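Visitor: Chain by chain, the residues run as shown.
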Amino acid sequence: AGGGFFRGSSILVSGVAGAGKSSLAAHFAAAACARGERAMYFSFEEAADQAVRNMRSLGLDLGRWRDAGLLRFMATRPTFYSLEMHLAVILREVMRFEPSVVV
Amino acid sequence: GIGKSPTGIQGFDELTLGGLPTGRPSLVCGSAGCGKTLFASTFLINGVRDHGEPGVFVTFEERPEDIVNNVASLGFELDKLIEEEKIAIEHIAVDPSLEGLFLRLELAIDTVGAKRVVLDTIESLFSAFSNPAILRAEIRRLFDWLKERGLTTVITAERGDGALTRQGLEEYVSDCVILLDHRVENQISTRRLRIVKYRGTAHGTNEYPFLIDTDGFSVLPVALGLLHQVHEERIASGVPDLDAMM
Amino acid sequence: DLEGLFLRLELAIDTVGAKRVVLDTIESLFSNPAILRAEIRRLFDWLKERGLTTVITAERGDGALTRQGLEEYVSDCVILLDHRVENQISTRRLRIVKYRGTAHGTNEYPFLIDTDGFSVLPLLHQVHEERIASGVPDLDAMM
Amino acid sequence: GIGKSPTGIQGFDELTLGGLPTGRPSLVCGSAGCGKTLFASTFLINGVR
Amino acid sequence: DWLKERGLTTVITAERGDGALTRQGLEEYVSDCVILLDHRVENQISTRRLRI
Ligand SMILES: Nc1ncnc2c1ncn2[C@@H]1O[C@H](COP(=O)(O)OP(=O)(O)O)[C@@H](O)[C@H]1O
Ligand SMILES: Nc1ncnc2c1ncn2[C@@H]1O[C@H](COP(=O)(O)OP(=O)(O)O)[C@@H](O)[C@H]1O
Ligand SMILES: Nc1ncnc2c1ncn2[C@@H]1O[C@H](COP(=O)(O)OP(=O)(O)O)[C@@H](O)[C@H]1O
Ligand SMILES: [Mg+2]
Ligand SMILES: [Mg+2]
Ligand SMILES: [Mg+2]
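Protein chains in written order, with our numbering: chain L, 1 to 103; chain G, 1 to 246; chain E, 1 to 143; chain W, 1 to 49; chain U, 1 to 52.
Honestly, the hints are just simulated from the structure, not real lab data.
Beta carbons: idealized from backbone N, C-alpha and C, even for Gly.
Each hint should be verified, as a subset may be incorrect.
[Unchecked claim] Derived pair list, reagent style DSS-like, types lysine-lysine, alpha-carbon separation capped at 30 Å:
(1) 48/E x 80/G
(2) 86/G x 147/G
(3) 4/G x 115/G
(4) 48/E x 4/W
(5) 86/G x 4/G
(6) 48/E x 19/E
(7) 4/G x 147/G
(8) 80/G x 115/G
(9) 19/E x 4/W
(10) 48/E x 86/G
(11) 80/G x 4/W
(12) 147/G x 197/G
[Unchecked claim] To give an idea of the interface, some chain G residues facing chain E are shown, with a C-beta separation under 8 Å as derived from the structure:
(13) 32
(14) 61
(15) 69
(16) 70
(17) 73
(18) 95
(19) 97
(20) 128
(21) 129
(22) 132
(23) 158
(24) 161
(25) 184
(26) 187
(27) 188
(28) 189
Take these sequences, add in the hints, and give me the full structure.
Guide: So this is what it looks like as structure tokens:
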């Protein structure tokens with residue numbers, strides 16, 4: 001109705017494999033970076049170069065924003081740390097980047 | 001900064017970020033069969049081989065021939081290094097009938113230009129008789145002697161009754177404590193290690209599994225993830241129809 | 001006195017001219033770590049000198065490896081036997097805690113003490129290229 | 001390598017890569033009924049026969 | 001050994017407890033045939049188990 005989810009809110013993007021979830025998330029992030037806001041993308045199964053290149057196929061130059069500095073891409077894997085360590089590291093990087101959107 | 005000295009063990013050197021603390025004592029706690037003596041053999045031999053660091057191996061129980069056989073069956077050419085005058089084995093006993101250790105160590109150190117030292121079963125002296133109440137004093141005495149000599153130390157220990165050490169005080173007199181384990185889940189044995197404590201550096205605070213093979217004491221390196229290589233070229237499947245499908 | 005043991009040992013060793021030695025119920029003979037540890041190492045050293053392949057019995061009712069808790073560490077080879085009884089069935093298992101100088105089977109292994117004696121069961125094969133009959137004609141012709 | 005004296009106990013010999021260490025102390029730990037004395041007895045009898 | 005010389009089949013009865021699976025543990029090693037009995041409770045019903 002109002003034309004977009006509320007600024008400070010939580011969006012869930014349920015789906016199956018190969019459904020476009022990561023693509024819609026990257027689109028949110030790219031729109032934020034274009035608006036000039038800061039964005040962070042936490043990939044727990046995909047590399048930064050890999051995902052950005054995968055998004056080239058959808059006309060998204062995520063690497064451009066990453067080079068500019070309005071996008072911070074954190075690539076990690078669950079089994080490496082404990083859940084507490086993952087939480088702490090996520091909050092750490094978020095506090096240091098002061099992002100506006102977080103995937 | 002903090003001084004470091006690699007063990008030559010790939011993976012373990014990543015956990016410790018440089019290896020065991022150089023010129024400081026470390027305790028490799030472990031029950032029978034975990035591989036403490038093999039870890040120390042690796043320490044000294046690989047220090048000589050790669051890092052040009054000579055060392056001396058003090059054994060309080062077994063014979064030098066036994067040590068040589070045990071480490072040689074793996075592949076470590078220790079007999080050659082012994083006769084090369086770059087490494088030395090020193091045998092000491094209990095129930096025979098302080099400065100003796102220092103003097104024998106001085107002889108070996110000046111003979112082989114030693115900077116690394118291994119003490120295998122210093123337990124013997126303290127455990128055979130607990131009558132003297134100055135056991136911790138003797139422990140810290142030898143520790144301070146080696147620290148004065150600026151020698152890296154790898155003290156082995158025994159952990160049968162429980163805890164991390166049977167002595168109860170050695171774990172707190174050592175700087176870097178490495179616990180070795182060899183547990184049996186189902187009916188399968190898994191070998192593990194952990195950096196219980198390290199003074200002044202970040203270390204691997206979790207159980208890293210290790211293996212003892214002919215290659216030696218091996219640790220699967222750690223963290224090999226999300227560092228992928230991104231190729232834009234395409235690979236053939238052998239099924240041209242499938243290939244054309246994308 | 002400890003000399004009588006060696007006195008009795010040498011006569012038997014050289015009488016049958018043997019190279020294998022077995023010791024049993026030595027914990028009772030031992031019956032304060034110093035005395036025990038020292039005499040253990042002494043006897044093992046003498047047997048080594050004589051070149052005898054030695055197998056010593058050890059019982060561990062109270063502890064994980066020996067009754068006293070400090071006898072095990074002096075040996076060069078260690079083998080632990082166990083008899084567990086989960087549920088109601090009982091199984092006998094053997095494992096090698098330590099075997100310096102070689103590679104062995106770290107895993108536990110089941111053994112049976114039948115009338116024959118100790119028994120244990122310890123990855124590919126070549127493939128035959130001839131066919132067999134199922135006895136069902138239509139099924140054997142389906143391929 | 002090192003010398004091995006076969007115990008004659010198939011399976012066990014394969015796991016020990018031949019047998020027990022030759023001319024060395026070897027311990028047969030375990031509680032009552034585990035089979036220690038019989039294991040050593042078979043060591044001797046197999047070596048003999 | 002007196003009994004063995006005299007040729008007498010002896011049943012020696014002993015107890016357990018006190019934080020150990022047997023009172024002493026060294027009597028087991030003396031015996032030649034060890035028979036363990038147990039009175040164990042599952043849920044709220046107990047059963048009588050014999051083992052050799
Ligand atoms: N140009 C394109 N045309 C059609 N489909 C595409 C195109 N680019 C990507 N896709 C599809 O998008 C999917 C990948 O989306 P992605 O964001 O990775 O979803 P998820 O990460 O949730 O699996 C794949 O199934 C792929 O086939
Ligand atoms: N060639 C080898 N290959 C694999 N493992 C070996 C080899 N030689 C020794 N080991 C291992 O070393 C272990 C004992 O090492 P050591 O540290 O000398 O004894 P302990 O752990 O009692 O101090 C054994 O469990 C054995 O599996
Ligand atoms: N003739 C036999 N038939 C079947 N099992 C036997 C025979 N002789 C011995 N055993 C088994 O071997 C084991 C030997 O026990 P033993 O060696 O006397 O105990 P330990 O030496 O551990 O004190 C026993 O538990 C018994 O069940
Ligand atoms: Mg996805
Ligand atoms: Mg050893
Ligand atoms: Mg018996």
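Visitor: Of the hints given before, which are not true for this structure?
Guide: 19, 22
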